[PDB]
Amino acid sequence: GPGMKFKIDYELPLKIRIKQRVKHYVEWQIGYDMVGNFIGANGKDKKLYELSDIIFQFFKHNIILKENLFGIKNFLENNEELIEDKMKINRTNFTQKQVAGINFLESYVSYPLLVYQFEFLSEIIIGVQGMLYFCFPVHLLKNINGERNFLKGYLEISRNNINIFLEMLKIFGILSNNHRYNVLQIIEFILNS
Amino acid sequence: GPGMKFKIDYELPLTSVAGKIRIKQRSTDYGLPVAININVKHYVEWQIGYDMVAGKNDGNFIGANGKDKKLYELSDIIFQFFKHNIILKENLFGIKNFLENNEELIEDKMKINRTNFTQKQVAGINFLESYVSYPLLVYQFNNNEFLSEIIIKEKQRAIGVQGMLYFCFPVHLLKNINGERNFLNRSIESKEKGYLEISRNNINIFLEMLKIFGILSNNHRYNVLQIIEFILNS
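Keeping their order, the protein sequence lines are chains B and A. Take the first sequence: its letters are residues -2 to 11, 17 to 23, 42 to 55, 61 to 143, 147 to 154, 162 to 186, 195 to 236, numbered as in PDB author numbering. Take the second sequence: its letters are residues -2 to 25, 28 to 34, 38 to 236, numbered as in PDB author numbering.
In short, the hints are calculated from the structure, not lab data. Hints may be right or wrong, so weigh each one.
Simulated crosslink set (SDA-like; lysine to any residue; CA at most 25 Å straight-line) [as the list claims (entries may be wrong)]:
#1 72/B / 234/B
#2 122/A / 133/B
#3 113/B / 25/A
#4 72/B / 8/B
#5 113/B / 3/A
#6 155/A / 19/B
#7 113/A / 162/B
#8 155/A / 18/B
#9 21/B / 116/A
#10 177/A / 70/A
#11 43/B / 114/A
#12 2/A / 147/A
#13 2/B / 207/B
#14 58/A / 46/A
#15 98/B / 123/A
#16 98/A / 126/B
#17 111/B / 131/A
#18 69/A / 220/A
#19 17/B / 148/B
#20 122/A / 109/B
#21 21/A / 114/B
#22 122/B / 107/A
#23 21/A / 132/B
#24 122/A / 2/B
#25 122/B / 122/A
#26 122/A / 221/B
#27 122/B / 123/A
#28 213/B / 1/B
#29 122/B / 149/A
#30 157/A / 114/B
#31 91/A / 127/B
#32 122/B / 157/A
Use the sequences and the hints to build the structure in full.
Spelled out as structure tokens, the structure:
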């Protein structure tokens, strides 16, 4: 349907990993671009993909207002608090530890992780790099025919859950400087188009 | 040379990435990798093994996993120095009796920790923050130049933790192709090889490393015990 009736049945092959803690969920290492619509932070030909493809279509069908994209743009342009700079890896001081009578020095390396709850949730784990994972129960997916008969999958996106992907784009925009630059280029492309 | 003069100039590929040999710089503690003149803080990181899967003709023992195995790197070094009568039989027997009586295993005592959550706000966005803490064990050999570090990670597709042993020592200890220790204050040439001199003066470092492998897990204990028995009966 057009306008507010617009939906996307996103095909998900079964970057996709299936794990379990009804406890089984989809682990989607979702991206926003692909190697053209804009110039990435690395200076390569980048085009819209996945997350940005979803936002562009729902903006094209007038479900996402341009005022929302303007607010996200100004938020990402004005913000200086980035997740990569706020997530610090900690290393403890070496302490004496004996195993099997052998004297070792023991230290712990702690890697932070962030959980954003939207039932959906986003997880950011950790040279090193931060990796974003969009997670949701697997029984939410419709089969190839079009019914949740799992308890290829298809994730239904509509006006009732598009805000999950707008929030996820905003989170990407504060993950790192490279992501902040790329997301700003994507929002500029969507607003101009 | 012959007898007590026996040595091994172990060839180590220096300019190589995505392999068992890596070059890092020790930050006065911890170290960070490097890609360039070599100074005293540059170390060799060697993810050394003690065996290798063998074929139907070159097998030396059967490992804990039931696979054909043969000597490799650490165990081959110990075999040659035992073959040339530098390593005493009592040294191998002492390690054998130690591994037979030992009950504390590294993969059973080392724990990966997940901390409680805390509320964390970044850019005005509220998150739940937690930490995953990985232990590492460092063993300082009697020679203050050599050390080994055991990194503890999760078992892949299994329950528990696994240890990866790395053998570390300064780059300036290595000899070039001419037998010169001239790496200090000099950049490493392309495809250049470093040579770690192993002799009677430092062989016990490799014996202590074999003992450390033997306490890593029950499978490692079994494999080391099979290696000691094979070497003793040679």
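Here is what the structure says about each hint:
A C-alpha spacing of about 15 Å is found between residue 72/B and residue 234/B, which places the hinted pair at or below 25 Å, so the restraint holds. Our distance criterion of 25 Å between C-alpha atoms is met by residue 122/A and residue 133/B, whose separation comes to about 22 Å. As the CA atoms of residue 113/B and residue 25/A are separated by approximately 20 Å, the hinted pair is consistent with the 25 Å bound. At most 25 Å may separate the alpha-carbon atoms for a hinted pair to count; residue 72/B and residue 8/B meet this at roughly 19 Å.
A threshold of 25 Å between alpha carbons decides the hint, and for residue 113/B with residue 3/A the separation of about 49 Å lies outside it, so the pair is violated. In summary, the hint linking residue 155/A to residue 19/B is supported, as the alpha carbons are separated by about 20 Å, within the 25 Å threshold. Proximity of residue 113/A to residue 162/B is assessed by CA-CA distance (about 24 Å); at most 25 Å being required, the pair is judged to hold. Straight-line distance between C-alpha atoms of residue 155/A and residue 18/B comes to about 23 Å, which keeps the hinted pair within the 25 Å bound.
Between residue 21/B and residue 116/A, the direct Cα distance comes to roughly 19 Å. Compliance with the 25 Å bound is thereby established for this hinted pair. For the hint pairing residue 177/A with residue 70/A, the CA-to-CA distance comes to about 35 Å; that exceeds 25 Å, so the pair is violated. With a CA separation close to 23 Å, the supplied pair residue 43/B and residue 114/A stays within the 25 Å bound. With a C-alpha separation of about 22 Å, the suggested pair residue 2/A and residue 147/A falls inside the 25 Å cut-off, and the hint holds.
Of the pairs offered as hints, the one joining residue 2/B and residue 207/B holds, with about 17 Å between alpha carbons and a cut-off of 25 Å not exceeded. Straight-line distance between C-alpha atoms of residue 58/A and residue 46/A comes to about 34 Å, which puts the hinted pair past the 25 Å bound. Restraint check: the Cα-Cα separation between residue 98/B and residue 123/A comes to about 19 Å, which is no more than 25 Å; the hinted pair holds. As the CA atoms of residue 98/A and residue 126/B are separated by approximately 15 Å, the hinted pair is consistent with the 25 Å bound.
Simply put, residue 111/B and residue 131/A have alpha-carbon atoms about 11 Å apart, close enough for the 25 Å limit, and the pair holds. A threshold of 25 Å between alpha carbons decides the hint, and for residue 69/A with residue 220/A the separation of about 16 Å falls inside it, so the pair holds. With a C-alpha separation of about 17 Å, the suggested pairing of residue 17/B with residue 148/B holds against the 25 Å cut-off. Using a Cα cut-off of 25 Å, the hinted pair residue 122/A and residue 109/B holds, with the two alpha carbons roughly 13 Å apart.
Pair hint residue 21/A plus residue 114/B holds up; C-alpha atoms about 19 Å apart against a cutoff of 25 Å. Annotation: proposed proximity of residue 122/B to residue 107/A holds, straight-line Cα distance about 13 Å (limit 25 Å). A hinted pair counts as satisfied when its Cα atoms are at most 25 Å apart, and residue 21/A with residue 132/B qualifies at roughly 19 Å. With a CA separation close to 37 Å, the supplied pair residue 122/A and residue 2/B exceeds the 25 Å bound.
Between residue 122/B and residue 122/A the alpha-carbon distance is near 33 Å, which puts this suggested pair outside the 25 Å criterion. In summary, the hint linking residue 122/A to residue 221/B is supported, as the alpha carbons are separated by about 22 Å, within the 25 Å threshold. Proximity of residue 122/B to residue 123/A is assessed by CA-CA distance (about 36 Å); at most 25 Å being required, the pair is judged violated. Our distance criterion of 25 Å between C-alpha atoms is met by residue 213/B and residue 1/B, whose separation comes to about 22 Å.
Between residue 122/B and residue 149/A the CA atoms are separated by roughly 15 Å; this keeps the pair inside 25 Å, and the hint holds. Of the pairs offered as hints, the one joining residue 157/A and residue 114/B holds, with about 22 Å between alpha carbons and a cut-off of 25 Å not exceeded. Restraint check for residue 91/A and residue 127/B: the C-alpha separation of about 21 Å stays at or below 25 Å, so the hint holds. Pair hint residue 122/B plus residue 157/A holds up; C-alpha atoms about 22 Å apart against a cutoff of 25 Å.
The earlier numbered hints that this structure contradicts are 5, 10, 14, 24, 25, 27.
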